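What follows is each chain in one-letter form.
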Amino acid sequence: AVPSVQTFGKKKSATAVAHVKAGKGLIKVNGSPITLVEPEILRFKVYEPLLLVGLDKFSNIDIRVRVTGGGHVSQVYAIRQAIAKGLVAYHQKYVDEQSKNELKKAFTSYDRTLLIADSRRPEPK
Amino acid sequence: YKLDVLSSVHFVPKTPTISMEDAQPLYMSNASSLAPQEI
Amino acid sequence: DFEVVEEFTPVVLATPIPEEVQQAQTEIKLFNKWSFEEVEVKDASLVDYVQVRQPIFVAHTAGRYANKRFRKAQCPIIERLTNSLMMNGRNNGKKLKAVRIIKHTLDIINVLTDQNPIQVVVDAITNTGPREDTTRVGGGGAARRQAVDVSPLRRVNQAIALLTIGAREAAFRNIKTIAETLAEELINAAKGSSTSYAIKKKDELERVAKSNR
Amino acid sequence: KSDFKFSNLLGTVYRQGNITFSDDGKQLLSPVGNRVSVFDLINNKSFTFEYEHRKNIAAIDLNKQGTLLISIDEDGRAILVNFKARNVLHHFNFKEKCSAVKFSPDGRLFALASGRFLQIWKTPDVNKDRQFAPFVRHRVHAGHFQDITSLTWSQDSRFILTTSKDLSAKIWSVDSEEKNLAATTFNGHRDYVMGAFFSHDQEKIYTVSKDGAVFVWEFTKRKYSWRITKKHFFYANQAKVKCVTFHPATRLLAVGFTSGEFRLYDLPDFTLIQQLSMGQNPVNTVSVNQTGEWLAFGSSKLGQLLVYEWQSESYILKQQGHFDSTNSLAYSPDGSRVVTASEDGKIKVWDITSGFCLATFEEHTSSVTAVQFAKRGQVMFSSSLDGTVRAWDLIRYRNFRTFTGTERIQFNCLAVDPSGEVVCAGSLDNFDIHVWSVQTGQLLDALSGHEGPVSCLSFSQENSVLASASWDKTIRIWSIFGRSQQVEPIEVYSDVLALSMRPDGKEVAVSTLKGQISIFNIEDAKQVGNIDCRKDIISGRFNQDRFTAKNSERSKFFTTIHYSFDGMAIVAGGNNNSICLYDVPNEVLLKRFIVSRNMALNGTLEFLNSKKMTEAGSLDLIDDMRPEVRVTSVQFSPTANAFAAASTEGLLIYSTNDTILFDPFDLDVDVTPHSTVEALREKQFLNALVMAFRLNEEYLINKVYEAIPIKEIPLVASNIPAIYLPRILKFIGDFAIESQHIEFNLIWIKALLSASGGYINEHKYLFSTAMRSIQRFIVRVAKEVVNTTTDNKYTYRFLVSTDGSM
Amino acid sequence: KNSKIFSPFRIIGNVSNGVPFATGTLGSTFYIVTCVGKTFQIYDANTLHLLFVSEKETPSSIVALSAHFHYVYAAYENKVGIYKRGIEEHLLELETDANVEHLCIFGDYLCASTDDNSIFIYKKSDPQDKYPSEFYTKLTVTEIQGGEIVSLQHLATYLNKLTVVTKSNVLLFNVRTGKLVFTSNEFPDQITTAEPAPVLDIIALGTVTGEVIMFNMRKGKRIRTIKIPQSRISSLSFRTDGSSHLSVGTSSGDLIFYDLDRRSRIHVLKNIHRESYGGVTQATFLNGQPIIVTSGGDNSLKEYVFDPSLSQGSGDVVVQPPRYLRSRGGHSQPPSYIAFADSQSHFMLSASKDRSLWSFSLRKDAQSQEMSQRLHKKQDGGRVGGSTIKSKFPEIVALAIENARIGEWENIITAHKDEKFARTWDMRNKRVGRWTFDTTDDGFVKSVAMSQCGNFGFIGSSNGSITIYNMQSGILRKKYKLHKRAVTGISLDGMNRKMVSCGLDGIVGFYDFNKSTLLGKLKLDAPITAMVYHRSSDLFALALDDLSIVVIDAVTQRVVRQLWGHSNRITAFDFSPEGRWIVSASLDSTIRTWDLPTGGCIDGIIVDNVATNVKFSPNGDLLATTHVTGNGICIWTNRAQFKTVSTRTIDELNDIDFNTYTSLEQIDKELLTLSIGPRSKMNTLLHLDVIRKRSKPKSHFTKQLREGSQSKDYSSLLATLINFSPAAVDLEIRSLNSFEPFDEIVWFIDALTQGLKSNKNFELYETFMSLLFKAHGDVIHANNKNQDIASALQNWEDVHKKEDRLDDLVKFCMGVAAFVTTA
RNA sequence: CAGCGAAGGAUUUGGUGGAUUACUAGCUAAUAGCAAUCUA
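Protein sequences appear in the order of chains A, B, C, D and E.
Each residue of the first sequence is one higher than the last, beginning at 3 in the UniProt record's numbering.
FYI, in the UniProt record's numbering the residues of the second sequence are 446 to 459, 471 to 495.
Each residue of the third sequence is one higher than the last, beginning at 13 in the UniProt record's numbering.
FYI, in the UniProt record's numbering the residues of the fourth sequence are 2 to 223, 245 to 646, 675 to 856.
FYI, in the UniProt record's numbering the residues of the fifth sequence are 19 to 670, 702 to 747, 815 to 939.
Mixed in with the good hints, there may be bad ones.
Here are the in silico distance ranges between beta carbons for each label pair [what the hints assert, rightly or not]: (1) E/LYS918 <-> D/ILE417: 30 to 36 Å; (2) D/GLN464 <-> E/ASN637: 54 to 60 Å; (3) A/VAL4 <-> E/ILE493: 17 to 23 Å; (4) E/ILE493 <-> D/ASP646: 50 to 56 Å; (5) D/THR185 <-> E/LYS197: 52 to 58 Å; (6) D/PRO290 <-> E/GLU106: 47 to 53 Å; (7) B/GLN480 <-> E/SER831: 40 to 46 Å.
Honestly, the hints are just simulated from the structure, not real lab data.
Where a beta carbon is used, it is the ideal one built from N, C-alpha and C, also for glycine.
Take these sequences, add in the hints, and give me the full structure.
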């Protein structure tokens with residue numbers, strides 16, 4: 003029916019689900035607004051997917067993010083990964099694929115840990 | 446040949473004086489291609 | 013003259029974002045207060061060994077800078093400073109506390125001497141990094157040493173270590189917190205005023221290197 | 002710069018049709034694929050025609066003026082081509098499957114044999130312009146009952162003698178006013194008559210059956247009409263005749279059989295001259311030069327041909343190719359000779375100046391997967407599914423080392439340290455990278471870390487770190503040497519194929535399975551950028567698949583990429599019919615080539631014809675499998691802008707000819723080729739040189755370069771500015787490799803890299819393809835000339851200074 | 019005028035013009051010979067493919083054609099051309115200056131008629147040959163006998179008679195004795211059509227008022243009359259499959275099917291052909307066939323089939339209406355704008371003044387089909403605007419193709435006349451695209467372009483703004499605002515780095531993408547009306563209004579060339595795909611070619627109609643021009659691809706003329722020089738013994821040698837010696853007949869001495885010396901210190917000593933090259 | 001709910017016709033006859 007997309011995002015044990023759909027521009031983490039996200043010093047670590055590329059790309063979508071597990075910094079990395087690749091997948095499916103790889107170029111030039119988590123560790127020396 | 450042609454994805458094609477030996481190695485007009493150790 | 017119009021409806025989204033944040037979307041500043049550009053490593057020989065060309069928001073990038081050899085000389089200098097600042101037996105792991113206390117530190121660095129505190133801490137590093145030392149060579153097990161020179165990675169690392177442990181030792185049993193103690197240590201190191209712990213230890217080490225040269 | 006015309010097709014020296022010499026015994030026309038190759042024998046060269054047919058071609062002929070040829074494929078889509086300009090002239094659709102076409106000795110009428118009808122047409126002209134309908138039909142004759150098999154003329158253009166799978170063989174007069182001169186019909190053979198020939202004077206008519214019979218018709222008496251005078255015979259037992267030709271003036275018959283044998287006779291005496299074989303598969307086509315010195319034999323199934331001089335038994339060229347087994351490619355580090363590794367397990371070695379092989383290596387049992395060169399030109403390694411990575415010296419042209427595993431696992435990719443001290447191979451079923459020392463053949467180690475099969479390997483050409491890529495969606499960087507053995511992983515989105523790292527050894531291009539190609543700087547783990555290469559590769563819908571070409575996902579990815587040699591442009595090829603090339607700074611496609619436009623290959627068309635679909639099953643899955679189109683491995687040449695791609699029809703080789711282009715460089719209103727020629731005739735040589743470089747017209751470069759005299763080549767080679775050195779260095783290379791003024795070229799090179807050696811020294815990667823062509827030129831003509839002139843010097847000195855008389 | 023670069027080839031995309039066609043049968047086939055202006059065309063009628071064309075044009079326009087079995091009789095200004103398979107087989111010049119009007123063919127007597135009621139009839143020399151070749155006589159109808167002529171034909175079963183149909187009377191002839199036989203009655207109004215009937219000896223003839231008289235010429239009466247209100251009748255026919263059906267065609271675009279057995283209208287057809295282009299010019303039943311071939315003047319040919327009846331019992335009373343069957347058309351007005359679709363030069367696009375868009379195919383001329391104006395529905399809830407009636411689109415001005423993402427999203431863009439937006443299309447599935455790209459500043463669209471990565475579209479409005487769009491969503495990306503009047507040309511690079519804007523103000527703005535700043539501005543001193551970017555070579559050629567073609571390279575922003583020499587507005591350019599030439603056509607009825615290296619004008623064709631648009635093919639073989647008049651599109655073949663052409667500035702050394710350059714033999718005698726040709730001659734000569742030993746299966817020269825010996829120069833000997841085969845060289849040089857004197861050996865060593873004295877072919881002279889040394893150097897070592905051969909070897913080494921500078925040079929160069937490529 | 005929006009809008013599906021390869025006319029006993037017939 004309504005155009006939606008669901009993406010994930012994982013730090014150590016925290017897991018973030020992101021439902022991105024066409025909307026009016028509201029970004030919610032467990033119903034809380036995006037501004038009211040603890041521990042208040044990594045609010046910009048949460049902000050940087052919606053801040054690197056400008057809010058005009060967020061004007062037509064609305065995002066709801068569930069988070070489980072992990073501590074504080076793991077939850078904020080999971081949130082920002084889910085937000086980022088949800089925006090990328092929405093632009094891959096429903097709008098400009100040129101805007102998709104523009105966004106992918108921006109996020110990968112900043113840090114690709116905002117798009118792909120670094121899973122397979124450790125090393126037996 | 447028959448077992449690995451059916452176990453694959455890409456297609457596999459399959471007295472007088474001489475059979476003329478068209479697939480020859482060693483040829484830049486070479487006669488003593490041996491090493492001096494080998495001599 | 014000339015214009016470029018990219019946006020055609022202003023930013024009015026349903027979760028109303030703070031205005032300083034949607035002003036920071038035009039250009040990235042550290043902590044939404046300090047622009048990383050017009051900040052230069054005044055010295056040579058530490059340029060491309062103190063990362064300042066890649067701006068960040070907070071000093072908590074979670075990259076991997078210890079698996080290869082020299083790639084800890086590419087994570088930015090502010091969180092290099094805060095990772096050395098977290099190191100003591102009482103307070104390991106607490107890098108969020110470390111981030112917020114260097115936030116208060118470089119904030120009062122700005123409100124005392126206002127150019128920008130990232131420039132203050134960059135030329136503090138360039139002035140504190142020692143340029144020679146010695147090595148305790150054997151020599152028959154005598155009192156024997158020989159002056160050598162210092163590679164710039166060791167210079168930057170030893171400067172950061174000297175600044176952080178000097179702030180800790182000057183804030184051990186005083187009224188001042190580690191925040192303002194690191195602030196005054198960085199200001200004295202930026203002037204090179206021969207007063208702070210790191211510049212004193214640097215000139216001492218170069219003095220004994222010149223003596224035993 | 003990026004306008005790669007289709008230059009040559011290496012491999013597959015003949016597949017299907019009829020060989021044909023030119024008028025002058027210089028060029029041999031071979032029906033290679035859907036195209037025609039031309040092998041120039043004396044000027045030891047070759048090319049392939051750029052035009053293509055929609056199926057495999059089946060008839061070649063050019064007129065005796067050597068001006069235009071026609072070529073006819075399996076359904077009669079005849080295509081004629083200006084031979085001296087290599088462009089197409091007109092397409093035509095003869096309505097049924099042709100068998101043989103022949104221009105006249107006059108060359109004004111060509112007749113062909115479509116099915117049972119023969120038809121004479123008159124030719125168009127090279128001099129008269131390109132008309133809409135140029136073919137004017139002379140006549141069409143229908144005297145036969147089954148398909149015509151062969152066709153000949155008289156020595157003049159008056160009678161035409163045809164022969165068929167109908168047991169008879171007949172004759173015809175080309176005008177309507179010589180009907181009494183020849184209208185009869187020669188019955189009498191047991192099987193398919195496929196030879197019918199006039200003698201040198203037109204009175205004897207030799208006819209040749211399929212089962213080895215030769216009749217000699219002659220217009221003699223018991245008015246009197248064409249009595250058979252003799253039934254000579256062949257008596258090859260299970261070898262019925264496959265192909266016949268007959269040189270009239272030297273009176274030479276040449277017959278190839280089913281048994282893979284040929285014999286040539288002196289026919290009017292019927293004396294067997296030569297009887298000998300080329301293999302166990304039939305000689306499909308004989309043809310003979312007009313001067314009778316040379317013959318040409320093509321055998322289709324092994325794909326071989328052979329031009330044989332029968333007076334003095336000296337073989338001019340004997341060659342054999344492959345088909346749809348061209349599994350990998352390499353260049354020699356001087357871009358002069360190519361190595362083709364083929365899936366039946368053999369290592370052909372071609373060269374680019376000619377078109378011929380010079381050495382196979384028939385060693386491996388099962389397939390050869392990948393090859394590459396190492397250690398300063400003359401070692402190349404080959405890696406198989408036998409369980410063998412074996413070395414090859416390319417001077418003694420022999421094996422010298424064979425590394426195996428410990429358990430016979432099939433290998434899939436290999437790399438080798440540029441300092442040729444370690445050789446690394448990766449498999450499908452062991453998850454490891456095997457490292458072997460090469461100076462001692464023992465297994466050095468096996469290093470692990472993946473959990474899927476390693477798809478591709480590489481070594482960095484400068485700092486010797488290794489980059490592997492595997493189906494764990496993972497690329498992994500090993501630093502092996504120097505006391506450490508340090509690994510570093512890098513995740514990627516989908517699983518990986520086709521790693522290829524830059525000649526600086528600073529970054530790595532990987533070709534992931536989702537249709538994307540990423541680039542990773544290897545000093546960091548940081549991705550520089552990636553090209554979405556999916557929506558710009560046309561993947562042909564097959565004959566048997568029940569999905570569209572759009573939703574198909576057989577080949578929507580790449581399987582071999584390679585850099586250019588400045589590190590600026592990735593060429594890429596996959597299991598689809600597109601080979602693309604991109605430029606990595608702007609991250610954009612800049613050209614896409616299609617590799618084949620014939621439906622004989624499977625996956626060419628993305629939109630199949632609807633009329634072939636039936637109530638059940640398409641009309642091409644009804645047998646009376676079809677080979678897919680793939681490009682298995684693609685490489686840029688070291689010493690050209692040219693690049694090669696090993697597809698199912700052999701090596702395609704595309705190239706730049708900067709001759710036909712206007713590709714200037716910051717000119718303005720005053721600078722003009724007339725202005726450079728006046729600047730040369732008023733002799734300001736430096737100004738005329740840069741005034742020609744700005745035009746970038748290579749014939750002005752040729753003219754100014756030759757007209758500069760010797761006594762100031764140091765002066766102009768000093769004063770030439772910095773931004774023209776890549777152009778002048780690569781020009782001197784690619785002109786000097788086939789030029790003649792050797793001392794002039796060497797004076798120019800000595801002047802250039804004496805006056806400006808240091809600038810090259812600090813811009814090595816700017817001139818990497820520039821002064822590799824120069825070194826190819828040095829060590830592959832000039833060092834040889836010096837070798838023979840020193841041999842003459844020493845043999846003179848010995849034959850004078852020593853004595854002896856007994 | 020005649021040309022020297024481009025030869026004209028064919029006017030494609032053209033079907034009919036309005037001349038009444040003819041039809042012919044062959045066995046059980048049917049071919050339609052239609053006229054297109056000057057040449058004609060032969061379609062078949064089953065699949066309606068093209069089959070033939072005239073191989074060369076006519077002097078005037080064709081006014082009337084007919085067709086017997088194999089032969090086509092064309093008729094223009096004074097002649098009648100008997101043609102076979104589209105090739106002219108016999109002219110027939112008429113014995114007058116009067117222009118021919120109509121003709122008919124029957125039996126032996128051909129019969130043509132001029133425009134003054136004079137009828138030349140011709141006769142076959144042999145009652146067995148194929149066509150009437152010989153003049154028989156000249157009848158002449160006078161104004162007493164009837165009006166001025168309008169048709170003539172021989173209706174059937176008449177012994178060498180004929181029927182001339184005037185404007186007022188019908189009048190027969192006996193063409194053997196040249197006699198009139200039966201003038202008919204008087205007819206009270208002008209008649210304009212007369213076609214015979216398949217029943218015995220009657221002819222149906224229709225007037226300018228809408229009545230059809232059915233004259234019975236044997237009876238001399240009329241049998242019936244079909245009355246029709248105020249219809250200018252144009253073309254009758256009859257249906258001959260048994261069921262009798264008359265079919266009239268009215269020049270108001272009507273086709274009326276009358277039954278005749280019960281005098282009833284079976285079915286009318288309204289607006290089948292367009293009214294204003296002539297209506298139904300010619301419509302006929304194929305005989306023994308229940309189909310209809312109509313042709314209008316509006317460049318359209320149609321087939322209408324009659325279905326079998328649905329009443330299996332009643333049958334002929336219930337007649338199903340005519341279906342529509344195959345048809346071939348072009349657009350009926352001269353084409354405005356012209357593009358080439360693919361790189362293979364297979365499809366091309368036209369958009370015409372009658373507001374239709376076509377995809378012509380210049381490969382096979384039954385593949386040409388109209389693109390369709392059926393809007394994709396708005397899937398967000400909106401309703402389609404415009405009007406309720408589906409009119410065609412407004413007139414197309416500009417358009418742009420990029421076949422890079424073809425069919426995956428929208429492909430081509432267009433730019434319509436004086437409407438505020440610019441809709442887009444698709445070329446793969448051939449219909450109108452989803453979106454309409456809009457200018458957002460009320461200015462009409464004047465320039466459109468798109469990136470060669472197929473994503474970004476580019477609208478350039480009349481108010482100077484350049485809005486860029488994405489073409490897989492239809493949304494806007496950014497709005498470049500620099501100009502202050504109508505932007506006339508947009509382009510972007512191959513690799514999307516820099517883009518170029520081109521206004522009417524004279525400002526040419528060099529912008530770059532990915533950083534939306536500009537980086538260059540140029541001001542030319544004229545208004546600018548066109549820009550063609552050569553995406554390969556980064557030049558782009560601009561029109562001006564002081565008639566210059568200013569070529570600017572986009573990198574260093576220089577004005578790199580300025581082509582002067584036109585007299586009126588330059589309507590079009592195209593780069594040659596190599597980028598060497600600019601072909602430009604202009605309103606002084608000229609089309610010139612500029613060789614932009616030399617800046618010169620190679621040739622100028624004086625074309626009779628002003629060519630509006632000029633386009634080169636992706637590959638350099640076809641030049642398609644479209645003119646002021648003519649419904650077609652004329653494609654031109656450049657002979658420059660098959661032969662090299664000059665470069666010489668015309669107005670109504703040969704190497705730099707023909708752009709080539711041969712290499713001289715040697716620069717001077719001081720320099721070495723290898724042999725011209727293969728560099729494998731050296732290896733084959735040095736190894737041909739082991740070459741043949743591995744390739745084995747398991815005198816004139818001596819005459820010339822003593823000639824050159826006694827003349828004491830061996831240059832003719834060396835010219836003989838160099839250039840023949842290695843086998844013959846070794847077989848000759850192996851036997852040199854030297855037992856006591858060795859004069860032949862001294863002559864040969866002195867010959868090689870004189871050869872490498874010149875410093876030429878010295879690799880060959882070295883290997884000839886080495887061949888002799890391997891051949892019979894044993895006798896030289898044996899009777900060494902023989903005075904003659906020792907003198908020959910002494911001065912041979914004394915000339916050989918000069919060739920040590922070569923190894924000094926190459927062992928310098930190799931060592932220093934290895935040093936600068938490694939260290 | 002809204003707006004878009006010229007005497008309707010938006011979908012499902014059959015049949016026919018044109019393409020999906022590069023356009024030299026049909027038949028036969030074929031240097032010609034036929035196309036109304038190859039028969040005497």
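What are the numbers of the hints the structure violates, in ascending order?
-> Of the numbered hints given earlier, the structure breaks none, since each of them holds.
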